[PDB]
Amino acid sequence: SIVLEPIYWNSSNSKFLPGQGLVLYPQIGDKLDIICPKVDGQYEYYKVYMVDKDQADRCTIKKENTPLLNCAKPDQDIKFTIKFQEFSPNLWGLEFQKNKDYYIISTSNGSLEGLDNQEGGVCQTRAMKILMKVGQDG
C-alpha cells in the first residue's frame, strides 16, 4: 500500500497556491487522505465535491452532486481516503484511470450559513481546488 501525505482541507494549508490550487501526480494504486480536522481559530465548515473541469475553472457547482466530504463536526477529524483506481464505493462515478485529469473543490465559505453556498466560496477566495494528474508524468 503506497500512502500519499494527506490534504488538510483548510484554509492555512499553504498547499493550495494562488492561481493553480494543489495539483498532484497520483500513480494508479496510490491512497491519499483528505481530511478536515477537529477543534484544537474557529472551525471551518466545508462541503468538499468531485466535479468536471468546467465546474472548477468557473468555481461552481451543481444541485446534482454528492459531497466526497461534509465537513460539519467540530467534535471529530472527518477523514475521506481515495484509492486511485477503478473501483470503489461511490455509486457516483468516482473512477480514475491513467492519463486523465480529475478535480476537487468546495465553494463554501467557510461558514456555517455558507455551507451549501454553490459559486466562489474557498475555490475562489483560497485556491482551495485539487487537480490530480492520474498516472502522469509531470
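Heads up, when I say rigid core I mean the largest set of C-alphas that superpose within 1.5 Å between the two forms. Numbering follows the first chain given and starts at 1. What changes on going to the form deposited in another entry:
The comparison between these two forms, aligned on the rigid core, picks out a single residue among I78, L112, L94, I28 whose CA moves by 2 Å or more, and that residue is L94.
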The other form holds:
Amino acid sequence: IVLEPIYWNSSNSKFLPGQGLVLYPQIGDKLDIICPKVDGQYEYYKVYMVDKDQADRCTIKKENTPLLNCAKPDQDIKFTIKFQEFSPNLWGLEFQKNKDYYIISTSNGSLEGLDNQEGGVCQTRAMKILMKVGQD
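What does the same protein look like in the form deposited in another entry, given that the last one was the form deposited in one PDB entry?
A single chain, with no partners or molecules, comes next.
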C-alpha cells in the first residue's frame, strides 16, 4: 500500500526535536518525498539517503547523491521510494527486512546554504527520516 507522503519543509511537525520522523514501512510499500512548493516564501533543500554515521553527525559525502534536489520551489518535485527487496531496475533502490535506513538534509533552507555539507536542518530542525523496514 501507499504510505502518507512526507513533505520536506520547516513548517512540518512530523520531525520531532528529539529523534526526527520515524517510519515502519513494509516490503512492497511506496512513499513519496515532496519538495516544498509555492505558487509565499521559498525553501531550498538537497535530500540524501545516508548511513547511520552520517545521519548522527548531520554530514554529507562529496560522492553522495541527492534523492531530491529542491532547487525549484515553484515546481512539482518528488521522489517515490518503492520498498522492494528485488529491483527490476539496475539503478533502483533495494531494502531488506529488519534493517534501518536514513534520509537527511544538511542544507539550511536558504538558496545560499543549499550545498552545505553539514549541519543545516538535520541539526537545527531535526529534519531526519529513520525508516525501520519490515519491523513493528
